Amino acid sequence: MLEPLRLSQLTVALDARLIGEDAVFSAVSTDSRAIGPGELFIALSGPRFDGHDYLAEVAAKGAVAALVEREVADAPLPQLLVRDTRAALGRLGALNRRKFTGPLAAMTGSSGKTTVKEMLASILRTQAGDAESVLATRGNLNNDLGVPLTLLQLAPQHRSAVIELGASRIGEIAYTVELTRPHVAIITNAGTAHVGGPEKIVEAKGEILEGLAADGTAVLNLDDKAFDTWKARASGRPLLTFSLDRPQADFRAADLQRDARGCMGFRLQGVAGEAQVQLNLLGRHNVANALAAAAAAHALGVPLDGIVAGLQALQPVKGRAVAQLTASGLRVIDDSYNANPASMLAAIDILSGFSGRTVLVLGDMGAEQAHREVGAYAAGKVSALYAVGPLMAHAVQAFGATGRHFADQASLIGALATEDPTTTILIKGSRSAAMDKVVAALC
């Protein structure tokens, strides 16, 4: 928060009634399991719990007051009563954002939101020479609760901000972009694999363009079939386009190449100038993500060497498609952190991109249909599937003849010890499968 707020100065702005003593808070929490001194607790209802049941707990941990939508009789701390706590949270987020005066960029899309966010954050942090001065959305806190929680983290040390906006329903981004009011808005794409109908998806992403600053820059994907609709909706605003295919885009990539790890490198071209960029990430889609981040960074005033350095400094998250090369010349992709069926299919797509022998190495997801569909999707796409775990017995069957189930990791590892250079191996499983032990044994 840019400054502590006083409950009695919010009755008007939140349409609230103060019950009990006045209080001043310098941060907010929506969770009794993660709150401490000086903080406002916000009581939300969900499918599993009701926040209003935890007032004793938050008072004991030092919360100064609770924002509630029903009065709790004889509460152990002051209450600020409103009709809808989701909307009061939204308003608090908007109010904090209006105190912040630095550059703010936002991005939406079907896929690549988080990655463009980390890329852009890396660029701005690299240019500033300090990580703490750039606020970015933590994890995936991007929905109608996540966004105002992120905006509430805006604080006196921040100089710029990078805000992820999720669009899984119509009107969600219309609401969150109005709280956020970015200077630059990015749409990565609409309608990518494994992610309301196509026209709804296009309309939902485009909502970002409505909250954009009046001469704010729109960053748009010239390859996307919805480009012309997004361009119209962007109305007057300055526009920067990116593309892997078109010479007239503002940001372009030439001469795409993988390094020995499999990570993508390219020549950046366009209006920021030309340079070679070596990412630490896999997949052609991450080149498009880099161009979108570069475009935004350029709109914000970052020079070329800041863009390049920021893109090259970004590392993958541990166990999230980390490509490495063993001393034996084996390519091992560590994706052992976690897995769900959708993430499995995204993994398989990455692996099928490689041209020599490909070995998919799987542990169980933490049921039968899903394993079944994962193995089937892999079939005809990678050279082999090695797996461990009883649910993974269903994947191997659906995969076919070069698929092998193993009794424990120990025999899986002995099999992989036999693979030669030019082979790519991808290792993935739920956290409970502990497939990082296989990674460690090879690397």
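Numbering follows the first chain given and starts at 1. Each form is matched to the other, and the largest set of C-alpha atoms that superpose within 1.5 Å is called the rigid core. Compared with the form deposited in another entry:
- Rigid-core fit between the two forms: of 28, 391, 416, 64, the one residue whose Cα shifts 2 angstroms or more is 391.
- Here residue 372 counts as shifted, since its C-alpha moves by at least 2 Å between the two forms after the core is aligned.
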Contents of the next structure:
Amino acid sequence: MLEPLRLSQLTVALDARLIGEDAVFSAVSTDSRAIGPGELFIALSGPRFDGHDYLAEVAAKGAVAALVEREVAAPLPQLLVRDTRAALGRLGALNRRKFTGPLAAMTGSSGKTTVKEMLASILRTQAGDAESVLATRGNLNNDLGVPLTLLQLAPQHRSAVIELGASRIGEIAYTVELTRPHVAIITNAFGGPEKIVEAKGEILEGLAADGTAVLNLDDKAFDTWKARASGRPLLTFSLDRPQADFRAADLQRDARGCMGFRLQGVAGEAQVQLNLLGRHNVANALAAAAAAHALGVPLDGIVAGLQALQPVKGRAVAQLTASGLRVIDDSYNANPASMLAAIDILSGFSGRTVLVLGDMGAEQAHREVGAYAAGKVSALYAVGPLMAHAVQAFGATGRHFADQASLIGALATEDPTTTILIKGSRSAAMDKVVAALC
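Form deposited in another entry, following the form deposited in one PDB entry:
FYI, this one's just the chain on its own, none of its partners or other molecules.
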């Protein structure tokens, strides 16, 4: 928060009644399992629990008051409102309006998180100060996550990078109104494909008349979004089109498989080597570049921020071993969805490819993973009792191993130009296989 807030001064803003003594809070929590002294507890009703049941617990941990939508017959002061979700929203908006620094917001696919992390890297590198830039923590990006994020804005922040997510029409329109960005980015596009396009376009309505929209010229929804931008300043990005404001030429993988390119367009020209796999991440880099340009960052800061960004440990971390093997460490976690994506990542390499799996934390889901890999990778090597079903479904170039030591022994024979991707749920400990090779 920009400053502490007093209960009696929020009755107008929140249309609330104060019950009990006045109090001053300096942060908020929506969870009695993570609250401490000085904090306002906000009681939310959910599908499993009701925050209103935990007033004794928050009071004993030092919460100064509770925001509630019914009066509990209570161990601390209550600020009573009609809707605690809506009141949280108002508190987010209220705190945002005390923040005077540059603020960008982004939505689209899961690419939005990557654009957030790219842009945050750019801003923090340019500033030489990571704590001076606020960015949405994880995916705290919905009708609750956005205002909780805006409530983190504090006197040390000089700029902010907010992610907005949606699973319905109206959600982004609500949160972007709280957020009021100077720059809004849509990476790409509920009730169907046109509903998705309408939802993502809501981010543009949160811009002022001179706010900048960052749009993908390659997206089928470009025309619709440009129309909805209604004349606001626009920066475009493309992998294909010479007229886009931000462009990439000479896309090339380095030895790890990480994408490099030549940035072109209105910020100038420069070579950029990312530490990330995938052609689509070049497009995310262009969107981050455009947003940073709009916020005043020079070419060399854009380049340095993009090259500084590292993948999260155990999440598609590509690297070369001493023996010239390409190893993609995806060993953090796994489920059916993420297995399928990993297979598709590995399928983009042209040499021998080897998918290396441990059990997902049933037997049909393992069959489905094995069968989906057939036709996309050269071999499937796996360990774990459930993964026998994957190997069997995959076919004759699959191998099942009775333990990690024999799996590692097989992999130690793989030759340069081969690419290996290692993945399992946290319980499989496939990070040990990565450690043995790297």
